[PDB]
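Shown here is one chain on its own, the form deposited in one PDB entry, set out as C-alpha cells.
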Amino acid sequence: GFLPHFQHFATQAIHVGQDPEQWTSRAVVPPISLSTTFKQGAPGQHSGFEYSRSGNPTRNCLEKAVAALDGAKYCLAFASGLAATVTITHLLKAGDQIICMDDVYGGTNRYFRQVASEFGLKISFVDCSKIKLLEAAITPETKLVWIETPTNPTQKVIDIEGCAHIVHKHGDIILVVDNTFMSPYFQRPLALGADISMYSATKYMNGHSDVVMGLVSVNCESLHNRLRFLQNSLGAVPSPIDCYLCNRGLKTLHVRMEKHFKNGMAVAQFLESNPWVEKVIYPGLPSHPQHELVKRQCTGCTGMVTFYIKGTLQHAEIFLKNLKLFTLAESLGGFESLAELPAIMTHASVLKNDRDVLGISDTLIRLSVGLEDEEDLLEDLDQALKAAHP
C-alpha cells in the first residue's frame, strides 16, 4: 500500500538538463565547464553566463535535473548539505525564530544551536512528529520550520502534509523538508506541501561517496529569487566537476534506490529476528510506529536502518569492530555499506540531555545498507553480533 511510483522519474533523471542541443558539439553528456568567466559582447548586457559562482552550464544542468525529480520549478546547488542549510537560514533576519525538528543531523543541530543563534535568531527544537506540539510552538516571530523525515538517526516520521497545513495556516512561514534519507525517488515534499525540498546530496542523490554537496528545490517565485541571490552572494557553491559527478550519480538513482530498499528491508527483518538485537527502527517494517504514515507519503523506503544492540557500549563497540563487509565510518547513502555509533560519532555534537531524551544512547547503531549482495550483508551482521555476545 505504498504511494505509486512517480511517473517518468527515470526518464527525467536521465534526460532533463541533458539536451544535446545546448552544446555546439551536440554531446549526449553535458561537458564539464570549469571556466570562471565568459566572454561578453557588450558591458552590462544580460545575455548569457558571466561568472561561474553566479551561474555556469554544468551546475545549471544539474539544477534542472534535480528540480524535475523533486517536481520543482527550480533548484539551487551548494557546496554541502550544511551550506545549503546556512544559505536557507540567511533568508531570515535578526529577531526571527526558527523551529527545528528535535531529532536531526548533529551538524544541523550544532549549526542552529551554536552559530545561527549568535546572530539574533531564536532556535526552538520541537518534536514535530506530534503535529499539535508544532502548532503550540509557532509564534509571530516564527519564519522557518526545519524538519527531517525520517529523522537522523532515530528515524521519527513526520506527517509532511499535516505539518504544511499547520505551518501555512497563519503568517509567512517557510517549511523545509530535508529529504536526504529518502531521496526524491521515494518522497516528494513539495508535492506534500513543503516550501523547500533540501538534500545533503552527499548521500543518496550522488550515491557514490565521492561528492560533498547540498541541493535546494523550490516552487515559490519570490522564495527562489531570495535563495538565488544568496547562492551568488554568500558563494557557498559547488565545483562544476562535482556538479557533473552528482548529475552522473543521478542517472542511476532509481535503480540504486530500489536495491537500497530491497537490501535495507532484508537487513531490518534480519535484525528484528535476531536474539542479540533489542529493537529495530525501519520505516518499511510494520513495527515502525509510523509505518502506515510512511506508506501514505512515500513510494518505498531506503537503506537506512537503525537498531539498538543488546548489552552496553562495549557490546556496541565489539559489534562494530567485527564487521568485515560493512565499514565503520560516518556518512550514508553510498553504494558501500556503512555502520556507525551516532552518540559517539555523527551526533556527538548533540547535547547529552537531548541525546537521552531522543534515545540516542550508547547502544543505538545506524546502518546505511549499500548495494552489495544481500547474503553477504546478512552474514556480516550475523557474525559481528555473535562476536559481540560470546
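Numbering follows the first chain given and starts at 1. In this text, the rigid core denotes the largest set of C-alpha atoms whose superposition between the two forms falls within 1.5 Å. Compared with the form deposited in another entry:
Annotation: the position in 125, 146, 185, 319 displaced by at least 2 Å at CA between these two forms, with the core superposed, corresponds to 319. Core-aligned CA deviation for residue 249 between these two forms: less than 2 Å. Once you line up the core between these two forms, the Cα of residue 270 ends up 2 Å or more from where it was. Once you line up the core between these two forms, the Cα of residue 63 stays within less than 2 Å of where it was.
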Given for the second form:
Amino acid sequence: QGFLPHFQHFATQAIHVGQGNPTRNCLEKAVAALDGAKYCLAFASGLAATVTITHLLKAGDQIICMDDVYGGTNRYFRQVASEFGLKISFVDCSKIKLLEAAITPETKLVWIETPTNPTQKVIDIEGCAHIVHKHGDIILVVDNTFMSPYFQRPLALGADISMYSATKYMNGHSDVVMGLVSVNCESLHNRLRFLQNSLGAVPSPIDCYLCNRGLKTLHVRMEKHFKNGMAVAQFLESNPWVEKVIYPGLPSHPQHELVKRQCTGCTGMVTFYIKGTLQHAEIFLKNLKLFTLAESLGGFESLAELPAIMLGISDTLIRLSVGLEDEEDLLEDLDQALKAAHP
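Could you drop in the structure for the form deposited in another entry? We only have the form deposited in one PDB entry so far.
We keep it simple here and write out only the one chain, dropping partners and molecules.
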C-alpha cells in the first residue's frame, strides 16, 4: 500500500556494484549507488564521519542541529563545536517554521536525524531542504542511520549529504563500524575526499570488506524487520494494556502521511507506552522471554528497553528493536509479558 515505491535496482546494485584502495573504493562505489548518490566517502565511524563533515566549516560558522532531547547525542556536536571553534544551535526541526527562524547569517550547516530516538518524530526533509536552500550557501545533512538507504534516500529529497553510520550491530552482531558519507555535489566530494585522506579517520580493508559483504542482504533483512515491526506495532496498539504506540508504519502516527511520501517503509523500531506505572513497565520487561533487554538496536534479535532507567522520558515508555524472529513468537512473547504485568 501507501509508501514511496522502493528505490529501483537497490538489491541489484548492492550485490553487483563493485564486485583506501580497492576494498574501500568498491565499498564506496556501491554505497554511492544505494544512496542514489554520485559519490561516497567511508570513515572509521559515523562520529568520525560527522566530525569530518563539520571540518568543512570555518571558525565562526554556525551549525544548527535537530534537537535530540531524550536521545543521547547533542553532547557530541557541542564538544565538536567547542573545539574547532564553531557556534552550535540546537533547534527542534519537527516544526519547519522553527528552522526558518533559527537560520542565522552564520548558519552554514543544518544537521537532521529522522526519525528521532526514541520518540520517533519524523522531520520533513524536503521541507527543511527548501527552507535551507532558499537563502545563501548552506549545507543540509541528514543522518539516515535510523532508516538506512533502503527505506530513505535523503539526497533525493533535497539533502546535500546523506550520512549512514553503521555500528557493530546489524549484519548480525557483526563488529563492523563504519561512517558512510554520500553526496552528488562536485566540490563537496572533493573537499571531503581531501579531508578523508588528510586526517586518516579511515576504515581498514577488513571493515570495508565486511561492510560491503553485509550490504548484499540489506534489502531482505530490512524487509523482515519491517514486516515484524508492523505486526508488533499493530498487536500492541490493539492491546488493552498499551496506552499508546508510536510507529511510523501505522496510520495512527502523527506523521504517517509525511512518512508515506518520504520513506519506502519502516525499521523494526517500535515504541509504545504500557498502561500503568513504572512498576508495570518493570513487570513487563522482566517477563519477556524471547525479547532481549538491551540498550542497543539492530541485531537479528528482538530487543527491549525502558529508556527511563536505561523532566525525563515518561517512565512508562518502551522502545523495541524488532529483529528477524518468527512474527508469531514475537507477539506471543509480548502478549505473555503484558498479561503478567497486569494479573
